[PDB]
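**Student:** These are the residues of each chain, in order.
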Amino acid sequence: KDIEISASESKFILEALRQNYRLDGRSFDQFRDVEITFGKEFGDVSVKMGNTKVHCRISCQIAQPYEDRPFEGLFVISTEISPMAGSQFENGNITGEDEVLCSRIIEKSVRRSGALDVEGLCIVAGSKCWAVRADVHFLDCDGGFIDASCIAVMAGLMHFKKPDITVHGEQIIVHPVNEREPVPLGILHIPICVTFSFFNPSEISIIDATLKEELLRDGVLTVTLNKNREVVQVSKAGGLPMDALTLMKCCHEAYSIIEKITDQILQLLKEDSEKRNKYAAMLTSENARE
Amino acid sequence: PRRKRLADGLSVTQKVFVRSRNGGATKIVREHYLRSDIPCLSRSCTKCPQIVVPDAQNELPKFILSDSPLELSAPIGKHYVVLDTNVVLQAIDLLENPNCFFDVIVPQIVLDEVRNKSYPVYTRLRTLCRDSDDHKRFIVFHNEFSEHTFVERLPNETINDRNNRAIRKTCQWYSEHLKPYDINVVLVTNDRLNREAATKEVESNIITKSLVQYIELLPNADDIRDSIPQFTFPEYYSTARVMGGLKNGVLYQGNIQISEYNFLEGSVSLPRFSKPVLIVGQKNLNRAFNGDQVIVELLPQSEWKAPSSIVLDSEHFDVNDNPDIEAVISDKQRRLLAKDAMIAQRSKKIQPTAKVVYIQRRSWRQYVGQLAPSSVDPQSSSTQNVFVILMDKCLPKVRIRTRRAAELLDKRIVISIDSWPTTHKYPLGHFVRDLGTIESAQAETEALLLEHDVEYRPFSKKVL
Amino acid sequence: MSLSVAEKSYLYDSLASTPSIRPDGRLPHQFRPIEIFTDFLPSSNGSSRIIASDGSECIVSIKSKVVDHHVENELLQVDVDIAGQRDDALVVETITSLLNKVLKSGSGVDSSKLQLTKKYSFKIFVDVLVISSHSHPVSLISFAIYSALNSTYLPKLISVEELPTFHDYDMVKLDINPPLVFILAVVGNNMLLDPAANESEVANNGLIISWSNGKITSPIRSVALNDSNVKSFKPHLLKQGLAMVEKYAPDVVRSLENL
Amino acid sequence: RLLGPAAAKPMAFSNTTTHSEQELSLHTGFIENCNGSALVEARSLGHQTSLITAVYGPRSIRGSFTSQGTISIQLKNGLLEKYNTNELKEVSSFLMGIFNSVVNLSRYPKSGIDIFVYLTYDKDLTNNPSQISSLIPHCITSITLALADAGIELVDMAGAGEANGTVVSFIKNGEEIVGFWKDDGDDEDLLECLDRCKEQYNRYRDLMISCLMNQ
Amino acid sequence: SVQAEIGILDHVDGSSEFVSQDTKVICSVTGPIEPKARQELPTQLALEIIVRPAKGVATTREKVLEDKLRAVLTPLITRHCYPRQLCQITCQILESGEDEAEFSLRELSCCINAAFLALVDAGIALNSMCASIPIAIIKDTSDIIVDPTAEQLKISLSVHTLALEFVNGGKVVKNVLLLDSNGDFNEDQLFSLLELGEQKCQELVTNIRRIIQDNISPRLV
Amino acid sequence: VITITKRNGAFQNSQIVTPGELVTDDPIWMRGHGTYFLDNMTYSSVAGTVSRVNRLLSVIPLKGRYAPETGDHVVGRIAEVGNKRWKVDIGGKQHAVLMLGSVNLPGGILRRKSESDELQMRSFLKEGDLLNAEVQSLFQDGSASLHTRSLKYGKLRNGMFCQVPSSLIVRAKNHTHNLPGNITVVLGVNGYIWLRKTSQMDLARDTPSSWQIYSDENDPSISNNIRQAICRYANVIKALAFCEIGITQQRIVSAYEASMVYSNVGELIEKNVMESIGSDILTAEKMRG
Amino acid sequence: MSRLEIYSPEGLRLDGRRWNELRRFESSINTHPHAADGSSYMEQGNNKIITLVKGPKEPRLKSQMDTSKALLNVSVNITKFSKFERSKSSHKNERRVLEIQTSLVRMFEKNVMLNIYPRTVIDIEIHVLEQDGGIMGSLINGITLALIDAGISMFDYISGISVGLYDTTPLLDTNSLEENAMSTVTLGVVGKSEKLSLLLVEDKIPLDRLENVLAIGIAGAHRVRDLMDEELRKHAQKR
RNA sequence: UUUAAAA
RNA sequence: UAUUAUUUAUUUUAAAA
Ligand SMILES: [Zn+2]
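Residue numbers (the entry's author numbering), protein chains in the order written: chain A, 3 to 203, 216 to 304; chain K, 8 to 237, 253 to 349, 364 to 500; chain E, 1 to 159, 166 to 265; chain F, 8 to 26, 42 to 151, 163 to 248; chain D, 2 to 222; chain H, 4 to 16, 52 to 246, 276 to 356; chain B, 1 to 239.
It is worth saying that the hints were derived from the structure and are not from the lab. Ideal Cβ placement from N, Cα and C applies to all residues, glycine included.
Examples of chain A residues lying across from chain D (beta carbon under 7 Å, computed): (1) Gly41; (2) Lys42; (3) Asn53; (4) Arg59; (5) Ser61; (6) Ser84; (7) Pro85; (8) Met86; (9) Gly88; (10) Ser89; (11) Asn93; (12) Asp137; (13) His139; (14) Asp142.
Below are the SDA-like pairs computed for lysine to any residue, each with C-alpha atoms no more than 25 Å apart in a straight line: (15) B:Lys92 - A:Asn93; (16) K:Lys305 - K:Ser399; (17) K:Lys498 - D:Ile139; (18) D:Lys64 - F:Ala13.
Generate the whole structure from the sequences, applying the supplied hints.
**Tutor:** If you want it as structure tokens, here you go:
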């Protein structure tokens, strides 16, 4: 019930790496071309980078805040993997290493690192708050699971819109989405994950390994940056021991990637906003005088 | 009473104390490290430069206290000054005077008590230390961390008794530590009980004088003697009590309109009188916001006041208060509140006054304002309680908890009040939205429309 | 380790004899050497560690919570966690249900000694962590919760009804009579006290007896020690075992309350 | 759906709004899924008890090489008077220590026997405020009935009785004790507990054979 | 009009994507593959049906959605020519296209059409063809409508899911695979929509046959 | 009575090399256990003393399980009956394997066809049975291969089992010895000891097939004084192990006679009496001879 | 406690230490001889950890047997009383434990020579009795010392240290209060080398500030290796 | 609780 | 009967002639 790699295939891919050759034709520091597609409802995002395809789905509901932080909203994320992305995955295996690590990294990047404005999700302190949920669906597994999932969640949160709320003394009314247009969430910074795969025949490091390269891997490193030159999160455990010089090279190379991907999400959101707001030029209330 | 030796001169003990909060107990244990490399920071000292250690930026500590202090009359002569919590909170303005204090020692236990009771005062005290130069010199001696000055707690000893004793042990050590250089240590405390306990400690005699006694001994006493400085809301009535009170002509219903230039004077228009009924004071307003429908109860003619003739807003009132205050006086407010008391005594316009006893409808909404820089820790990424100065001057300060106080600084934000119980001095709100930077044309206009419930959102798509 | 059927019949015939030939050869009333540590968890109101002779180890922690007894039923909760076993295991839920009966507020433990105001009282959280176990550890845990409750310090109360306040430094000592649990193994017609690992494997049945206030108290059980040789016992053996603990329990309390 | 809204609270009934003989009924053989069935009901004073016991066995365990059989007893809540799951499993381990001394285990090598007791209704009609002790004797009689109906060999019948929280299970017409359970109660009392339970044991020992010999 | 694609996923034997109104369902099929010990059938093929919601985790709602989707695909597959083998059919609901808390017929209908197309792309032996449509009747004017919108469901008296089996060029209705009805209706309304549905499914397979032929024909020679 | 040692306050009461450090830079060496080769230099993988024998460079760690070697009279317990072999618990890193063609079968060979090989083995050698055998050879991973191809090795009975650390077994010519009181000790070099009543074979063979040895039937009549003698032997053997004293034949009978002072063996479990008997042997024998 | 000074201008922290001073480090070996093959009672500051290594032994079931190396299983048990407030078990709190356990397995499976022990398993049972910041680093130190006690062959030491960055000042061995007020980096340094086997950054840190934090992190971790190494010297010479 | 007009 | 065996294989000595 697992993937079988022949000895010749393992030797060919590794020797190709020793000759600066990747089967797909990318460089060692080249990220796969990401493609963001937005659905009908808000918070519906499908990410395609190479043969890897992931689909995200944002939702929210009124919930009880944590008693330790009565002024913050909750953030939930589930990254279960179905046999759809490959028969090597068992359906119902929620506690798998890939599922746990993917959830924890996006959770640290979004919730813990302040990417999502949880204080803006506060309705009534200590009682009512927004619980923004992010569902991730692994459609086709060709490596880069957490890299694609982090782009899907961050694109979904910036594309998602929550119902409106009016403060009337001690009363609070939630407008239906059919009456008033929903309000977008608060997104401070945009964290993007970049995973590095290491090999040894003098070590070789490739960015965003495919499924075949991921299986012949000797060590994995995940970094998360934003356009503000901040290191949102780093996860490296085991594998080939590395030093501070190799990491900083990974972070500087990843910053060149996350900066371009950030500008793409901002541009692709702007294009999607205009597509669904054709007659928005007539409905403007706040207008300039003369 | 445990203690363990570690590296060179380093030892550690176990600090245990019980914390009572919301009727619940929590035993708290903390590591307390005692060290012997803390300098006296006196330029005259020739025993501490040999034990100092550079900081994280590899920089040796500069010795601040002058080698030729102010020489007073015998037997004081050359002396350093050590303060307690009371003097720092009371005469903080006198400390900033350039013709008063010159070489002052602020111990750690005093600095911690000031920060716990007034953060803006603690900040101005650290500023005296940081800005020490030729005419002003302030230091902080970490007496609680020094192996020589740290004092264990005695059985059944008051919490204030130990901290008062820690101040004495600090002066006793400084007195002995500076004997070679012929410099005395003058302890300035207003606690008469603390000074008497210092006279009983014959093992190390120190000089203790009050604030008025120390000022009179200065050479320029005739010039600085004129600058010396000298709660719970009543619960709301029951719903049954306000029913019979309105029925039997005891209570009255109306809407509070806080005065234009004074956030502590409100008037309620009643059909019985031609002049609106004044409500003066915090206790009489009883946690009411401008625009609420309240229930008032008339006060006797012994308490009737005149319309106030002073200007007050939340920003210029109780500026030295912490937001989390629950169940420190400025000299400027003393000279201001007592000044208005003379007007309400000699005035003829004394009209009936009442007090709020019940809130019927809260006029709360989304208010716009900015954070008070006096209560923000610019380098802290932890949850901290900060003040919010609302745009509407008729409203008080709002306390909110936020972990982005540094980021939200110099921003124009939106909040909404959650509650205001009898025990809290200030209302509790929460952050909802950030509009932009202060004095930004895009943010100030949007903050203006929100402050007047102006619908600036685009028209509905059903309008098409 | 396990035991072969050859040596199983060797111990049965030697233990059931009128001169009880114990494996280590002790008397049917002698216990094994025990090491007990106390007061090592600063974050807890009370703590204790006990190490049995066969390497068995148990750690107990005691936390406190201010609760309104008019709405909180049980003021003493026991939470057991055996290493290498799930939290919903049968061997864990049985001891958890049994230890909450020996330490039930108002029964084995009087709720008056941990009360505060007329409205409020203290709730004791007894958390058990069994690191190693070779036999039924309900008797070894009872010794650990004994030494921990007799070294527990709770915050002193400072005293119209309002929420209670406590002093900053001074704390009171928890004076509660902590019940004790003993395990008895019957091998034929002989009653054994504190059975070892191999001894409890050939026993015909077992007895659990509580002990509080210098007398036998509820609850008492007769759970089996091994599903192989489960034999019914004569009621005179139940009386002999119930009377044997009365003869040697004060020797335990005296050797256990010294701390 | 299931569970329902989390914001809902269960109904609360206030006590201040408006204000010898132990009956027994036995049946057996009525569940087609299992081998042996049983249904015992008892209503004395203001406490009515009705529980159902099913026996699924003997089941041949694949790959097992045990010499004797293994008994698995599991108590399960029903619809009224729900007990905590920890105390239910405590009575299960106490019951397994009883039937392992009664059921002929050597007659079932490489196999196991699974017992299922359903406390479907435990009514209590006290006027104004362990309660599980009043059901242990009724559960022991129910399992012995279903074990006998399932063709499983049982060395003598097994019954028990309650005496103020004291539950004692006898065998061989009370000659030897097979189980002892006592919660709450008083001190010194023991001779009267073993006597009141023994006469209650003989009352159940012959009444079980009554319905087992008829039908 | 409905949209559908084939062979979209790489690491599975057969995939598809079915779209109707706003309901989008991506389905994948992998088989025959090695079954688990608790799955193998001695004589025929075993099926593993999995449907996952667009939001939240898989609840009991999708469990009855699996059981209905299983009852449709099981007679539609020649299970006996794959003894001791496994087929994994996984449906992923991208957008529900309806109120999930109230209705689930628009998702069941799309999962049937997505699973059938994915089974065609995978190469599993199918006994025939299949089509599924949702049917509803409006409260005020008791009118039968085929493929109702999300707003029409909230104003309907009863909802229906009709799944038919087509043989011989998509003209002969061999059997009625699934007819799931909930709401208020009598015997006259049943055969009125059943007759109406038989001709709307008849033009669906005619359009489905065109969809799959436009994709499989360029693959073959 | 109970002896409860109480403590309050805290939680509890040649060249040495550590894993990672350099032991030598001489390439002319043969690396042994606790030692790994790297970059023409030699490093340590455990924490212990450096050993040098001819050219074999190794590190002997402090704590370590029993390392089986060829020709060891061990005592092991059967874990499972596997395919054409047994898994016997010797006490090492892995279970030792006992092949079918390495024991004295009851009827000489298998009686087939009827049952499989595995099921027929459980009739006389089931799981949990205790026996003794000799390590015939070793596998590449270090696993031991046992054999019972002599009347000396068989299935143990008529006694009690005890366990001591493997390092505390002094090497000698004889593995099992006869003891006063009609008792025979089986000092397994792996740390497993079997104290039993002296049988007809070990008494008549050390002084100057059939399935009768695979019988689980114990001896019918054992003297009540002989069984109580085994307890004292077990208590003094575990006492010498508590005092980290090597176990030999003379030190067993020396502690057996020195334990007469304590009458019944009930007080032989305390640590004060254990350290006394251990110190009485280490001083009155090593300093007197 | 209350509002405190994190790093005073006098270079003193809230607990009295300085920027490069570690908490008290009291380690112990062979604390559970009759319950495991390797034992280590780690007491780093107020952190109290019990690490038990059981192996190499035969797997209980052949479903977890590797014919070329040993299997490494790390079980981290965080007691309900590890903090002040007795924490109740949360469904979300179980995910953070699995991430730590996996990070520990992947860390030590590369440093422990599993090839020398084939067809075996090595169970690592951990019990956290009290935590006060830097718990991830202290878990590493307990595993390293417990594996050495069990005689398991390793390539070198693995030292765990936690570094915090406050404004522009890095701080070594962060406690619970300091972690609540700054960003924290945990490191897994291999022996005296500058090689990392673990690097967890769970809070925002500027990129230009990360280079220096790692240097001071690997440096302070060498000091942790010395404290662990010396404890093994004293325990070997006295026995 | 700022009159009126155009914005 | 380890030059023996395990079949969707728990074998962990298949080497020499
Ligand atoms: Zn000095």
